[PDB]
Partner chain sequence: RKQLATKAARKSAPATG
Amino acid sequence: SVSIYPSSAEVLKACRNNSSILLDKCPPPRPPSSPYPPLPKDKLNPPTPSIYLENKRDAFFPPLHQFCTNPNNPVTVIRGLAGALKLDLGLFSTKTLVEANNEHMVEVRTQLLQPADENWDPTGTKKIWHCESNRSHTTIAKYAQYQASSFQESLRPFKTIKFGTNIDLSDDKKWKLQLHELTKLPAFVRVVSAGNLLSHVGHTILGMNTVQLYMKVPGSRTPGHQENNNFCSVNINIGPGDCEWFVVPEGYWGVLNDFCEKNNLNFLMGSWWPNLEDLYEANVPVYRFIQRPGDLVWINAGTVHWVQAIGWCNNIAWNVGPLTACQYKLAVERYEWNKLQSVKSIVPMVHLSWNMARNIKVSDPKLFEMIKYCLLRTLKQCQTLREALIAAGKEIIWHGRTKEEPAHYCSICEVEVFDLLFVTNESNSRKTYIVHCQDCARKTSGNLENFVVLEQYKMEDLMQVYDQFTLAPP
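Could you give me the structure of that single chain in the form deposited without the partner chain?
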C-alpha cells in the first residue's frame, strides 16, 4: 500500500512559503453533454428495475443493496416491502397522524390538477414546463380534514388542489412509534446507519437524515429535481392510493438542465414538470412506473425524478448516502456546481468529509483517495488563509464549537464556511453570530476592519485527523 499524499507537516511547511505540492487550479464543474452512446427510440421507455419481496428474509438478502446501488439502475422499486417486513403502515395513516399531533405544521403547495402526465399553462392553451406550486402553511388537523373531504367529494379550466408536503417527522418525542417502526428496515435503507454517510454529518439535516411525510390528494405533484447533493432517496407509499413516478438517469441531467434554461427556468431551484414529448425527441430515456401502497422506491444517486399522486395517499421519505466512491463523487461534484451557481448545499460536504475521516475506516482505495484528497485541499486552504490573516496582522479568536454544532454557511452567498468564520463586530458582541465567508466579508471591508475572525477547530486537530486517515485493511 502506497501513500500518495503529503503529510500534514509537509502541507503546513508548504503554506509557510520552490516546488509545488499540488495543482490548486482545478477543472471547474459543468453540466455533462448528452450521454454516449446515444439511445435509439426503441430504448427510451425502459422497464423499471424491480425487486419482488415475499418474506422478511428476502429484504435482508445482501445482493439487494448492490442491485439498488448499481449505477446502471437509476431507480429500483421494491414490491411488497411493507408486507414482507410486516410494517404497520397504519402508524402513518392520516387518522393516526391527527391523533398523534393534530397541530403539527404542514407545508402546503397549491397547484392545478393537471391531466395525466401533462402540464399545461393555466388557460389550458399549451403544454409548458413551469409547474405552478404556491406555498402556504397549515396544521395536520386542517389538511387531514381537506384530504378526507376531497375523497368523499369524489365518491359523489383546471380545478385547484392542495398538497401537504415536507411534514417534519424528526421529533422522536412526538413520533416515537412511527420512527420506531422504521428500525425494522434493512440497514441499507434505514434513516440512521453506520453505512450511511448522512449519519456521519453529526447534526440534523431536515428531510435528509430525518423522516419527511407527504399527505396527498390526486394530482399532487413533486416537480423535477435531483436530491440535495445527489444523495440517494428512499420513499415508502403509505396508501391507500398509488403514486406515479417519472425517472431519468443521472447522466442526462445536463440535457434536462438545458431544457430548463430554454424554457426560462432554473434547473436547481426552479419548479418544472418535463414535457415527455420533448424528452422523447431528444432521446432521453424515461422510466415510468406506479408505486403502490407498501412499495419502496429507491432513487439512485443523482437520478432525476418527478412524482404525482394518482390516488389519495401519504408517503414517507428520507435520504441515504451509501459508503461508495460513486455516491461521494456525485455529492462532491454537486457541492462544487452549487458553489458556482450560488445555490446552497444542504449537505455540508467539507464538514461531513472531516467527520468521515474521524469515524470511518475506509477500505476501498478509490473512495479513500477521494476523501483524503478533499481533506488535503481544505487543510491547505485553511492554513493558507490562517497564514494570510497572521501576515496582515489580523488576529484569530478561539471560538471552538460543540460536537453537535451544525456547519455554518455564509449569510450572503450561502457557501459552507469551514473552520474560520467572519462575523461583524456588532454581530459578535450580540452573539447573533451572523457568519460570512471570506469573500463576502471583504466585499464590504477590504481589510476586514468591520469583522472578527472566529476559529472553530485547532489546526493541530485537523492535522492529526488528516494524518490518521489511512486506507483500512479489507
Given for the second form:
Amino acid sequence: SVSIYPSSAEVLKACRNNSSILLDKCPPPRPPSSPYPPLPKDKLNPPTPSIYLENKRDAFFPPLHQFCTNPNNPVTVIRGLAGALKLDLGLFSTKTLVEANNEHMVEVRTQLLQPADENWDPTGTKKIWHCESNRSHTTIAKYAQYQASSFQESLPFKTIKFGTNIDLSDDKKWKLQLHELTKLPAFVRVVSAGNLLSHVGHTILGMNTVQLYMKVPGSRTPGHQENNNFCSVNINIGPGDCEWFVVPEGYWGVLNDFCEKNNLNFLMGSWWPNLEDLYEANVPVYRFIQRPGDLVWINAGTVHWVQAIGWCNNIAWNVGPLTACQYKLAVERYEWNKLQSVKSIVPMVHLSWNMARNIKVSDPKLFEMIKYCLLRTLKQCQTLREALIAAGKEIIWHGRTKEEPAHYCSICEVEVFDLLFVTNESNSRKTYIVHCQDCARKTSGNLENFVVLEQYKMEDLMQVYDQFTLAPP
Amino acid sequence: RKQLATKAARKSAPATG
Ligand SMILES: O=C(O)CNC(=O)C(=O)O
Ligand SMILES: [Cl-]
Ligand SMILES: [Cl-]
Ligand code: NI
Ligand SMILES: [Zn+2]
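Next up, the form solved in complex with the partner chain, please; the one we just looked at was the form deposited without the partner chain.
Next comes the full complex, this chain leading.
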C-alpha cells in the first residue's frame, strides 16, 4: 500500500522555513467549452433515464443507487416511489401543513404566467432569458388560501405567486412529516452515514434539511445547478404535475455563455433558457413530467429548471453520494465560486476535515482527492500560523462548540477555516465580524484592530490528517 | 468567549426584485 502524501510532521517542518513539498499554484477553475464530440440534431432530445417501481422491495434494490449516481445519467425519474413505499403524501398536503403550523413563514416569488416552455418579455414581444421573479413573504395559511382559491377560479400575462424554499427543518413542528421520510431507501434520505451532507455537522437549510414548495400552474424555478453541485432529491406531493428541463453537467459552460450573452449571471441570476437557442447550439435537453409520488434525482452538477403544470406541492433536499465524482464536482464549484465572489453554502474545507474524521474511504480516487484537500489546507493553516507568530501577532484559543457552523468572511464570503480574523461589529464591543486574511489586511495593513481566533488545535488537525489513510475495500 | 456574527446557510431561489 503506497502513500503519496507527506506526514503531518513533514508538512509542518516544511512550513517552518531547500526543496518544496508541493506546487501549491493550481490551474484556475474555468467553465468547460462545448463538449466533444458534438451531438447531432437527432440526439438533442434524449429520453429520461427511468426507474419503474412496483413493490417496496424494488425501492431497496441496490443497483438502483448506482443507476442514479452513474455520471452518464444526468437525471433519473423514479416512478411510483410513494406508492411502492406506501408513503402518506397526505402528510404534505396543503390542508395538513396549514393545520400543523398555520403561521409558518413562506417565502414567495411573484412571476408572470408564461405560455408552455417559453419565456417572453412583459410586453409579449420577444422571447428573453430573463425570468421575472420578485421576492416577498407570507404565511402558510395565506399562501394556502391563494393556492386553494386558485384551484377554484380556473375551474398580456397574468401574475402568479409561488411559495418556495419553505423550511421544514424544525423536528418539533414537523415531527410526523419528517418521520415519514425515514421510510425512504438510504441513498435518498435527508440524513444517512453515506450522505456527505450528513457529515457537515451543522444545518444548511434546504440541503441537509427538507424544503417544501407550494405551487400554482406556471410557478417556475429558473435555471441552476445545485449549491456546490450536490445531487438533489425531489418528491411531487400532488395533486398536479411538474415539468422538468435538464441539461447535462458537461454543458454548463455553454449555458454560462448564454447567460453572459444575455446579460445575466449564470450562478446568481434568474434565467429561463430559450429551448430554440439550446437546440441551435446543439445542447441536449431532457424533458419529462413528474407526477405525484414520483421522485426526481438530479445528478451532480446537472443543470435544470422546473415549472408546475398543475396545482401541487413538492418536497426536496440535497444529498451527496460518497463518490469521487460528487466530491470532485463539489470542490470544483467551491473553487469557481471563490473566483466569482459567490458564497459556497457547503463549507467544503470544514466538511472535508469531518469526512476525514468520520469516514473510512476505500476508493483510491476519492481518497486521494480528500487527502489532497487536507494537505493543501493543513499547509495553508500552518503557514499562516507561522507567519502570524513571526509577526508577534497573538493567536487566541477560541475552540469550537458542538454543532457550531462554519464561518465565512463578512466581506468576500469565502469560507474561513480554523484561523478567524475578527474585529468588532460597528457600535459593538460584544459582537465580532469574521474576515478572511486578505480582507482583514485591506482594512488594516498590520491587523491593528483585529484579533486572531483559532478554532482547532494544530495537533488535532495533524492527527486527523495522519489517521486518514486508504481503507481496504 | 467571543461572540461571532453569523448568517444561517440556506438554499434559496434567485430573485429579480
Ligand atoms: O420544485 C422546484 O420548482 C424546484 N426544485 C428543484 O430545483 C430541485 O428539487 O432540485
Ligand atoms: Cl445511515
Ligand atoms: Cl462538532
Ligand atoms: Ni434544483
Ligand atoms: Zn474576505
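Between two forms, the rigid core is the largest collection of C-alphas that superpose within 1.5 Å. Residues that one form lacks are left out of the comparison. Positions refer to the first chain, counted from 1.
- Here the rigid core is superposed between these two forms, and of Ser427, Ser50, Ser34, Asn70 the C-alpha of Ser427 is the only one to shift by 2 Å or more.
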